[PDB]
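Chemist: Listed here are the chains, written in short residue letters.
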Amino acid sequence: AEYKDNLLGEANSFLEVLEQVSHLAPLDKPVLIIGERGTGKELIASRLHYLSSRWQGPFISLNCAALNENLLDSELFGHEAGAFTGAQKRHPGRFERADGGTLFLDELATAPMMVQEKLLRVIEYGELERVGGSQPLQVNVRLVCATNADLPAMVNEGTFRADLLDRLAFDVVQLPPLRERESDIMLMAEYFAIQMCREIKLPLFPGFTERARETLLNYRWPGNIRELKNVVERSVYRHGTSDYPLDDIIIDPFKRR
Amino acid sequence: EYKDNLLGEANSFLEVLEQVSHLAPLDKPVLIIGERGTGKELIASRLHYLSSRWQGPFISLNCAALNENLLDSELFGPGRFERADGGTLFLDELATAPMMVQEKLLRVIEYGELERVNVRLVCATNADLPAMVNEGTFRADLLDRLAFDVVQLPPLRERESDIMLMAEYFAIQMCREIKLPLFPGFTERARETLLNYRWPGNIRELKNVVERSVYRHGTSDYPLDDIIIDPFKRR
Amino acid sequence: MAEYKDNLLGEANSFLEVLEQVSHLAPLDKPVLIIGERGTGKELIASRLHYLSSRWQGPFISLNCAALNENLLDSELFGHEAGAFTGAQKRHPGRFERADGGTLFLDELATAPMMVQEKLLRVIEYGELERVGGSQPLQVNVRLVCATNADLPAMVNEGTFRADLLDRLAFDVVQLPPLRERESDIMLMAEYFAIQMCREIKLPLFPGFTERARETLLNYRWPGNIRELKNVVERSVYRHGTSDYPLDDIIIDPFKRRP
Amino acid sequence: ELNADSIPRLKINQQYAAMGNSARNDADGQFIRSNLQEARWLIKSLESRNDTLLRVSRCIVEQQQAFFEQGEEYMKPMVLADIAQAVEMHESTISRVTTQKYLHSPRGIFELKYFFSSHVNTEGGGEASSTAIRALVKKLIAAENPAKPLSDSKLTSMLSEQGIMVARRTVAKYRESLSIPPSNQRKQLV
Amino acid sequence: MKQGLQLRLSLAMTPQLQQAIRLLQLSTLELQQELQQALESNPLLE
DNA sequence: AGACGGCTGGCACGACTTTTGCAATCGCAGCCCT
DNA sequence: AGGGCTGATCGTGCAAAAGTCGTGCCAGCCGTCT
Ligand SMILES: Nc1ncnc2c1ncn2[C@@H]1O[C@H](COP(=O)(O)OP(=O)(O)O)[C@@H](O)[C@H]1O
Ligand SMILES: Nc1ncnc2c1ncn2[C@@H]1O[C@H](COP(=O)(O)OP(=O)(O)O)[C@@H](O)[C@H]1O
Ligand SMILES: [Mg+2]
Ligand SMILES: [Mg+2]
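Line by line, the protein sequences are chains A, B, C, D and E. Going by the entry's author numbering, the first residue of the first sequence is number 2, and it counts up by one from there. Under the entry's author numbering, the letters of the second sequence match residues 3 to 79, 93 to 131, 140 to 258, in that order. Going by the entry's author numbering, the first residue of the third sequence is number 1, and it counts up by one from there. Going by the entry's author numbering, the first residue of the fourth sequence is number 288, and it counts up by one from there. Under the entry's author numbering, the letters of the fifth sequence match residues 1 to 10, 13 to 48, in that order.
You may find that some hints are simply not true.
To be verified - Derived EDC-like pairs: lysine to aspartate or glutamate, alpha-carbon spacing no greater than 16 Å straight-line:
id : chain 1 : residue 1 : chain 2 : residue 2
1  : A       : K90       : B       : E181
2  : A       : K256      : B       : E70
3  : A       : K30       : C       : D253
4  : D       : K298      : E       : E48
5  : D       : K426      : D       : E349
6  : A       : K119      : C       : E70
7  : C       : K90       : C       : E130
8  : A       : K5        : A       : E20
9  : D       : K298      : E       : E42
10 : D       : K474      : D       : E448
11 : D       : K331      : E       : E48
What the hints assert, rightly or not - Pulled from the structure, derived: some chain E residues nowhere near chain D, Cβ distances all over 10 Å:
id : residue
12 : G4
13 : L9
14 : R24
Everything labelled a hint here was simulated from the structure, so no lab data went into it. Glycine included, C-beta positions come from ideal geometry on N, C-alpha and C.
Using the sequences plus the hints, can you model the full thing?
Modeler: This is the structure in structure tokens:
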């Protein structure tokens with residue numbers, strides 16, 4: 002398909018990252034994304050998958066960290082047929098999604114050491130994670146990683162095997178810090194404001210006060226998009242009817258009065 | 003009129019009530035930032051009575067000890096949201112729900128076919152949902168969608184001037200219930216004891232303490248003197 | 001009786017003699033244990049052993065060692081005859097039962113459960129096993145393949161590995177020449193990997209390697225025997241242009257800081 | 288919806304049930320009870336079969352809407368297991384349902400089994416229905432210069448321009464299915 | 001997951019009746035002939 | 001006028017289809033054999 | 001007088017062997033240009 006870069010970073014670093022992504026898109030190898038909390042890494046990975054030659058069939062961004070147990074993540078990687086009884090969902094579907102597709106995960110540091118070893122064994126062979134009483138199926142699948150934690154830090158911790166870290170890390174995508182980016186931050190903020198003014202169907206766009214924009218820039222805003230969207234929603238809830246430029250930030254539910 | 007349960011004379015309480023009324027005219031989800039006791043069920047009952055569609059049925063869903071088979075039964079594969100009809104069922108203990116359960120509930124709201140409803144929504148949690156998401160204890164998409172508009176609630180410590188009015192109303196209600204002739208009155212000692220009480224619970228604790236004090240007194244002749252919530256007391 | 005040499009690379013060092021010894025030991029069906037280079041090459045050794053084994057000898061059953069905390073592993077090893085053990089309630093054959101006359105490619109994962117190793121000791125005791133809830137035992141025959149990545153005697157002295165586990169296994173030890181020790185086919189293996197990468201990327205022509213790159217490779221520690229070098233070659237090819245001025249620019253790995 | 292006229296319906300004989308319930312003879316009453324049990328089982332089986340067929344047809348249409356609306360060219364490559372996954376019944380039940388069943392729609396009358404088609408690898412990663420591929424091949428072949436008929440290799444290249452991933456042997460088989468003549472035979476004087 | 005036995009509560015060999023029922027749904031016009039044949043034998047079905 | 005080429009048709013092999021062939025264990029008790 | 005044991009009633013699948021196609025692949029041949 003075609004990569005979607007709506008509200009792409011105006012910073013030249015974002016453009017260089019996009020150029021590297023375009024270069025690697027014809028290739029078929031794992032990628033590591035050094036991101037931050039709400040930095041936009043997974044959206045960048047999805048855009049790369051869109052640009053990754055064909056549409057690459059199914060695209061799944063399941064995160065092992067946001068799972069009840071590591072056993073559930075292993076079942077998602079591969080479900081042995083007849084093992085245990087019952088399930089919350091068809092576990093083999095997650096494995097089948099990578100078939101004719103790529104592998105995308107978020108916060109891979111939380112993955113169990115046994116799970117990491119099983120994944121490393123699968124990646125080299127390509128076979129299905131769970132045999133289920135039969136020979137595992139080698140599905141043609143790519144891979145992508147996105148963890149804020151440093152891979153060398155994990156190697157020092159020893160949670161990930163040396164082979165796992167090496168073969169897993171084929172491409173590195175270092176997401177620029179949200180606080181560090183200023184021009185890209187302003188461009189993205191303007192794009193988000195326009196998109197909100199359109200979606201919220203407000204008759205007139207309030208715009209943005211210079212003091213309000215300066216205060217927003219002064220905020221650390223680690224969530225390049227997540228915190229940005231949260232602050233946009235906080236300002237939208239305090240709807241000024243296109244006449245109040247205060248842009249009060251009510252994103253923090255704990256904050257009151 | 004719903005008898006105006008928990009009449010909050012505080013300007014903040016009035017603003018919260020106005021925001022709740024505005025949310026009630028809408029049939030869209032909203033978040034209620036309040037804790038058990040602090041989030042008195044009387045407020046939720048008044049909100050339900052203030053439903054935009056009076057014909058609309060409200061189920062007022064809450065966390066229950068339902069097994070996995072019971073969890074599927076609560077789902078269509093008969094849906095739980097089907098019990099309510101155009102009403103904001105005030106979900107309770109949403110932090111206690113399972114991650115799979117939370118995802119299933121979120122998919123039921125403005126979503127479909129998450130794995131490869141004619142009713143409003145309401146929820147309230149005593150825990151820090153942003154912290155739990157930062158701790159990875161809840162679905163970020165569910166937290167974001169549910170928190171369309173967070174409606175904070177005042178705790179017992181928040182109500183200071185209205186505390187006296189609430190105590191008077193509770194005493195009147197107890198006198199009506201306990202067949203007391205009227206409110207015998209308070210004393211400076213009783214008021215000081217009530218003020219010094221940190222009141223960890225807001226609604227249920229106040230009513231329970233009032234009931235215990237009334238049982239201790241049991242008369243409408245002598246005005247109230249003092250009360251305590253300790254395990255034991257003596258002269 | 002087929003060659004199936006596959007991507008058997010890096011034999012210019014004493015690895016040729018290691019391969020000769022492996023070929024000599026191939027006809028025997030006794031226990032097979034190796035010592036693979038830490039980080040890379042154990043899979044290549046296993047593939048070479050499988051090629052040494054007859055293609056019609058049997059399936060090449062490979063299992064990554066895991067602790068006994070997962071009852072599924074116990075069911076795979078011992079079997080599952082009764083209900084609630086594995087698969088259906090019937091006699092779902094385990095992984096060991098799945099291998100009848102085939103190679104048992106063991107992994108030296110150094111799993112925490114010594115109980116798992118103790119159970120595996122009975123797996124190869126007289127060629128027999130009993131399933132979970134198995135009313136009658138079953139005598140089975142299968143080939144065994146093992147490897148290592150650490151000092152077995154050190155763990156034996158330290159008690160990390162069961163003494164009986166080492167005694168029963170390791171009929172003979174096969175040592176992998178280290179990458180810091182082989183150092184012979186670095187040019188040849190690097191050229192083969194570069195050719196494969198160029199074919200994969202559809203590179204018009206071979207770019208060529210500067211002498212400075214060869215000197216750096218000689219100075220490189222190369223923790224991985226045949227995988228880290230291949231990964232470095234792939235990373236360099238990604239950052240280089242075939243038959244162009246960018247060919248000089250070589251990237252060791254994305255993990256290293258950008259230039 | 289199932290054709291109301293076509294679906295058979297059975298009704299329990301109320302007079303017979305009343306006679307059997309009040310039958311003076313114990314043997315006659317027992318025989319009536321056995322007959323009633325058999326008839327009830329048959330009626331329940333027929334109703335369940337009709338309902339299962341309706342549900343299977345609805346599920347099939349859910350995935351074949353593209354072919355239903357756009358036409359034969361937009362036919363998704365689907366298998367029996369694909370339909371079995373969307374329902375709770377097995378592929379055996381799918382085969383039993385997809386047995387001598389014809390459904391009428393705005394497009395026309397088509398057999399239930401005609402929906403299922405082979406999966407063909409294609410450029411862009413997707414898979415195509417062999418029926419749709421044959422339809423496209425026939426459309427291309429018909430719209431050709433009569434003086435110079437298209438070669439099967441040439442047709443294969445043309446379809447590869449759309450991502451055939453076919454070696455023209457399957458194209459040859461499809462042409463045989465459509466009775467396409469040879470390139471030499473197709474050519475004629477202008 | 002965790003090893004265990006039945007701790008809370010929660013199949014069939016279809017005989018000739020249900021077996022022929024499964025053998026049904028093969029056709030519709032032909033199914034009518036078999037249905038008439040059965041209705042001839044069964045005296046409590048109309 | 002013997003070779004190029006495209007067709008066609010035979011051949012084979014894993015991967016989708018499918019069909020038929022099974023018909024488990026269960027609590028009553030009175031009657032017949034010992 | 002005590003043991004054997006007799007038939008009532010029950011049940012929308014599947015799986016296992018078989019078949020069977022999708023696709024590719026080889027062998028020849030004739031229309032033709034050389
Ligand atoms: N270049 C971009 N243009 C438009 N939107 C973007 C861009 N990058 C990120 N986003 C937005 O940021 C949101 C969050 O992205 P991301 O942080 O990658 O997801 P996750 O929370 O899974 O990491 C997405 O919904 C996406 O719309
Ligand atoms: N001649 C060769 N042929 C094929 N692969 C090789 C060769 N030399 C090195 N390798 C690579 O070295 C790697 C060794 O990995 P492995 O030994 O499994 O790691 P670990 O020892 O950490 O388990 C293999 O993935 C293989 O691709
Ligand atoms: Mg994310
Ligand atoms: Mg390894």
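Chemist: Does each hint fit the structure? Answer for all of them.
Modeler: Results of checking the hints against the structure:
| no. | hint | verdict |
| --- | --- | --- |
| 1 | A:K90 x B:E181 | violated, 45 Å |
| 2 | A:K256 x B:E70 | violated, 37 Å |
| 3 | A:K30 x C:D253 | holds, 14 Å |
| 4 | D:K298 x E:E48 | holds, 5 Å |
| 5 | D:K426 x D:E349 | violated, 27 Å |
| 6 | A:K119 x C:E70 | holds, 13 Å |
| 7 | C:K90 x C:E130 | holds, 14 Å |
| 8 | A:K5 x A:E20 | holds, 14 Å |
| 9 | D:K298 x E:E42 | holds, 14 Å |
| 10 | D:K474 x D:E448 | violated, 24 Å |
| 11 | D:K331 x E:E48 | holds, 14 Å |
| 12 | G4 | holds, 27 Å |
| 13 | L9 | holds, 21 Å |
| 14 | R24 | violated, 7 Å |
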